[PDB]
Amino acid sequence: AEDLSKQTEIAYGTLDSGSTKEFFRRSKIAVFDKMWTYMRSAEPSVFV
Amino acid sequence: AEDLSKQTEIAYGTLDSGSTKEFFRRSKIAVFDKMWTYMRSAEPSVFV
Amino acid sequence: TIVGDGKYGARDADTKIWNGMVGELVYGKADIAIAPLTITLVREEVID
Amino acid sequence: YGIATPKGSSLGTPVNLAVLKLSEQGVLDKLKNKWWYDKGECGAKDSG
Numbered sequence: 636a637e638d639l640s641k642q643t644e645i646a647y648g649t650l651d652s653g654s655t656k657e658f659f660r661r662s663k664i665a666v667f668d669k670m671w672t673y674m675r676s677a678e679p680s681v682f683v
Numbered sequence: 636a637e638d639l640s641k642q643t644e645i646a647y648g649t650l651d652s653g654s655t656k657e658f659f660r661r662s663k664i665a666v667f668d669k670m671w672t673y674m675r676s677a678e679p680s681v682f683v
Numbered sequence: 443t444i445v446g447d448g449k450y451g452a453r454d455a456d457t458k459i460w461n462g463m464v465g466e467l468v469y470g471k472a473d474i475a476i477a478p479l480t481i482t483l484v485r486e487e488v489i490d
Numbered sequence: 732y733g734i735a736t737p738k739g740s741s742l743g744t745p746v747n748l749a750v751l752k753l754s755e756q757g758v759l760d761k762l763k764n765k766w767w768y769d770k771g772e773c774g775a776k777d778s779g
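Protein sequence lines correspond, in order, to chains F, Y, P and V.
For the first sequence, the deposited numbering gives the first residue as 636, with consecutive numbering after it.
For the second sequence, the deposited numbering gives the first residue as 636, with consecutive numbering after it.
For the third sequence, the deposited numbering gives the first residue as 443, with consecutive numbering after it.
For the fourth sequence, the deposited numbering gives the first residue as 732, with consecutive numbering after it.
Some hints could be false.
One-sided and incomplete, this derived list gives chain P residues near chain V with beta-carbon spacing under 8 Å [stated by the list, open to error]:
| # | residue |
| --- | --- |
| 1 | 479 |
| 2 | 480 |
| 3 | 483 |
| 4 | 486 |
| 5 | 487 |
These aren't lab readings, by the way, just hints derived from the structure by calculation.
Cβ coordinates follow ideal geometry from the N, Cα and C atoms, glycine included.
Excised from the complex, chain F in its bound form:
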């Protein structure tokens, strides 16, 4: 997922609710918090 951070031509997403979405939102890791910012403002929706 470190290489999903630095390569944003591949679109990664999660489900609309669940513990998987709630993991990145409260995360304070340098990899995962940046991976939540990319989920935060990407349209068409990566959240399925």
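With chain F fixed as given, assemble chains Y, P and V onto it according to the hints.
What follows is chains Y, P and V alone, placed relative to chain F:
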């Protein structure tokens, strides 16, 4: 300084005290906090 | 027995009710749940 | 790996509720991200 983060064969440092050292220690930015971790545990000392 | 609503179940925000399969262990409609029940904090405090 | 307690002792319930609160907040991950990689002589950037 984003390219000083991802390339650690060049050694960057600050002075032993002052506002410059105190900036990175309290920083909550994804670039600068990682640049303080590299200052934190690098010997011979980058702090001059 | 299969849980009826088809949810693993979490605490409702307002009514403080449990639904789903933890709603069967706390409220006593079954005696044990061998199932993909993810260990969390909100589920530890009600069932062991 | 588990924090151990003598059998039947009073630190059976709050220690158990503490660890699942630490893994919830990511504080176990941020302490495992640190002591294995902050104090790491050759980081993944370093060989990278």
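Now for the hints, and whether the structure bears them out:
Hint status for residue 479 of chain P relative to chain V: violated, with the closest Cβ pair at about 13 Å, above 8 Å. Taking 8 Å as the C-beta contact cut-off toward chain V, the hint placing residue 480 of chain P at the interface is violated, the least distance being around 11 Å. Below 8 Å, beta-carbon pairs count as interface contacts, and residue 483 of chain P has one with chain V at about 4 Å; its hint therefore holds. Contact between residue 486 of chain P and chain V, as hinted, is supported at the beta carbon level, the nearest pair being about 5 Å apart and thus within 8 Å.
This hint holds: residue 487 of chain P has a C-beta 7 Å from the nearest C-beta of chain V, less than the 8 Å allowed.
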